[PDB]
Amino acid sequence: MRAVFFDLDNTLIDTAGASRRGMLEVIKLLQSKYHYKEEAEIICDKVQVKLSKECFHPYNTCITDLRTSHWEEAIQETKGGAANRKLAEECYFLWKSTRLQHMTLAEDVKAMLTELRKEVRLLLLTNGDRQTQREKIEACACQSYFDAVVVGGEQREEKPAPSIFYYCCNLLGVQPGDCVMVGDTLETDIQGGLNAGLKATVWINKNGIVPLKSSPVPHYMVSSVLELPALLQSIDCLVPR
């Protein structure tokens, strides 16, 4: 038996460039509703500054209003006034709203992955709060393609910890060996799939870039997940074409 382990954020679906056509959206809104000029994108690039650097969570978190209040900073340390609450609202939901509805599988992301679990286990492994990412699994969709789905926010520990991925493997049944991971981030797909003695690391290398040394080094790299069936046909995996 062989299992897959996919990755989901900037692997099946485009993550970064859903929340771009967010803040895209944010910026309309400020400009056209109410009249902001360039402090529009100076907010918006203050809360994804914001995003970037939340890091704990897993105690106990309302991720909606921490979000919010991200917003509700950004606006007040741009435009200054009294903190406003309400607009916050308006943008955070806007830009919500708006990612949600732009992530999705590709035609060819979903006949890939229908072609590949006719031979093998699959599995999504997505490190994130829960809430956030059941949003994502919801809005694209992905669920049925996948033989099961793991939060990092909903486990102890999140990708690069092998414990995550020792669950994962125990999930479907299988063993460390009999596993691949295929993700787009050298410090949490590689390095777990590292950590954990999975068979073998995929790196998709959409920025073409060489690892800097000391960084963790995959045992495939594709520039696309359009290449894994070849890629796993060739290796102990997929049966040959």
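Think of the rigid core as the biggest set of C-alphas that the two forms share within 1.5 Å after superposition. Numbering follows the first chain given and starts at 1. What changes on going to the form deposited in another entry:
- When the rigid core is held fixed, the Cα atom of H57 travels 2 angstroms or more between these two forms.
- Once the rigid core is used as the reference frame, the Cα position of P211 differs between these two forms by 2 Å or more.
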Contents of the next structure:
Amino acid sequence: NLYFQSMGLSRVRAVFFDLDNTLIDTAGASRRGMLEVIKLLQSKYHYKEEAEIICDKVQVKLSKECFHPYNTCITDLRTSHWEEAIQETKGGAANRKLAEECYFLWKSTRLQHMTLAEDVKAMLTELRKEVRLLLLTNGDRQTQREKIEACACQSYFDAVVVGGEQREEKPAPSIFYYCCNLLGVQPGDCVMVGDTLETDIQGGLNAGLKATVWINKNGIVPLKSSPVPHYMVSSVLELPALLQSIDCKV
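For comparison with the form deposited in one PDB entry, would you give the structure of this protein in the form deposited in another entry?
Shown below: the chain alone.
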């Protein structure tokens, strides 16, 4: 500390966290959503295995989703995913009401199941005593804000930034610099923590953050040409210990 100052060398001042599958189980929650739609489609409307086909089709449509706010809102686009999947699978006339019934069961279920764990809450409270905390999350305004509210997590952060609201999102560095200015700190004083190499980690690298930490809960190996983070941990609960160590590097 005395030494570090002498060297022109900063303690960490802010930590940016990812949201989806870093602090909340979006995959798990979303899967729960699909499970309920299947349960609905089968028990209520007497669909057999083709109920799974519809859900698959929706996952596929979600993953190539192309959202134009000028043209539609997100609820309509997503309800259409379901509407198409249903017709694609069961044929007949477009059935919007059934589409809505699915979309909303899916949405409500997954939001019900997006939660900060008690131990994650406990941590985020500790860290904030010592550093600033900012949530930096990709995605459209409505969907992400709904998520932030569903897991009641905004109170844990000094700021919250949603990519769909900004001119570029992760891994464009502009969004990181925007974050730094919100907090009044420098990129060199900041650590990005998140679960996706091509957004969270690469973004961190693009913006020259002090450090990038990759959460790899399942110990997967990534592809050869992919961005290399500064550290890798299995759990966000390890961050406090790691940050202490980071503050010792010279």
